[PDB]
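First, one chain by itself in structure tokens, the form deposited in one PDB entry.
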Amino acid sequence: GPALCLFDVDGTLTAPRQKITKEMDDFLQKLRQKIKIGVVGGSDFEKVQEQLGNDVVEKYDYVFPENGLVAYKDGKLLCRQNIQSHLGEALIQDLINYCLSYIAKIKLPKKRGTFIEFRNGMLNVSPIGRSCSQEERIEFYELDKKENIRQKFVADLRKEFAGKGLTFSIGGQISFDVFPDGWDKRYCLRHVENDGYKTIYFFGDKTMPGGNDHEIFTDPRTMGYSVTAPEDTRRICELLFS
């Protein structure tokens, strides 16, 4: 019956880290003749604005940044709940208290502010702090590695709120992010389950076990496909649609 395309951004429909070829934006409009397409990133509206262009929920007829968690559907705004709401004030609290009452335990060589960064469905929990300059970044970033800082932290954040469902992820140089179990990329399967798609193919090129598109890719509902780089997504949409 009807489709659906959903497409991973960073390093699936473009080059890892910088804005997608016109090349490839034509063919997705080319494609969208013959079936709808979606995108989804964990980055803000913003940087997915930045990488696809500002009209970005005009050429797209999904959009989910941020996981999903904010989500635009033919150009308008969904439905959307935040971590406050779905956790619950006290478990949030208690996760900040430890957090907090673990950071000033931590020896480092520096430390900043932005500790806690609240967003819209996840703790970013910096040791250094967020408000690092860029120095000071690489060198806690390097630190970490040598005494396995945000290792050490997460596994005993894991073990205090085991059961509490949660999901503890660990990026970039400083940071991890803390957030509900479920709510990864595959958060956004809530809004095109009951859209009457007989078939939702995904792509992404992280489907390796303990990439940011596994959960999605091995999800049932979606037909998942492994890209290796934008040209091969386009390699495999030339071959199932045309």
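Residue numbers count along the first chain shown, from 1. Here the rigid core means the biggest group of C-alpha atoms that line up within 1.5 Å when the two forms are laid on top of each other. First, how it differs from the form deposited in another entry.
Core-based superposition between the two forms shows that, of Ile200, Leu52, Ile174, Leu189, only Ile174 has its Cα displaced by 2 Å or more.
I've shown you the form deposited in one PDB entry. Could you give me the structure of the form deposited in another entry?
Only a single chain is listed, so you will not see partners or other molecules.
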């Protein structure tokens, strides 16, 4: 029936760490006369504006920055959500308080700063601290492969907080992430599932496990299409919609 084309932004409509090109922006604006188009990325609205232009809200039918925690539909803000409002201040504080108390008892070679990074969609907890040098990151990534610091911290947090709808995910070199269950790229589906689309195509490049596109690709509500670069996204869209 009526369909929607949802795109990951980085890697799919744009080369990594690069702004959209005038040729792809035009391709999509022409594909917009055929089908309704929308974008989803984990970055704030200011980075989505640096990657797709400061007029993104008027050129895409849907804009879902921050995995859809911020949503725009037809030029207006549809919704706004953040981890503090969903989970409540009490539970937010109980999690921060356990994490600070826990990190204070970890015997590490070095401890720097920003042990807790409050993002609108998650909490990025660092035993060492995100403010550390790159040489200190590596020093902790190797000490963690031996003493399994992040694993034990996440396992004690899973035992104390996870019945409150919380997921814990070790990743990177120095931190793990604490987000409400389902606040990956899948969160954006709840603003398009009620708009009457018989099929919702989705295009992303990190569509294999451990990727930021994987969960939205594996969801039954999407017709997922893995991609490798923006030229490949224009290749598949020509084969699909003429």
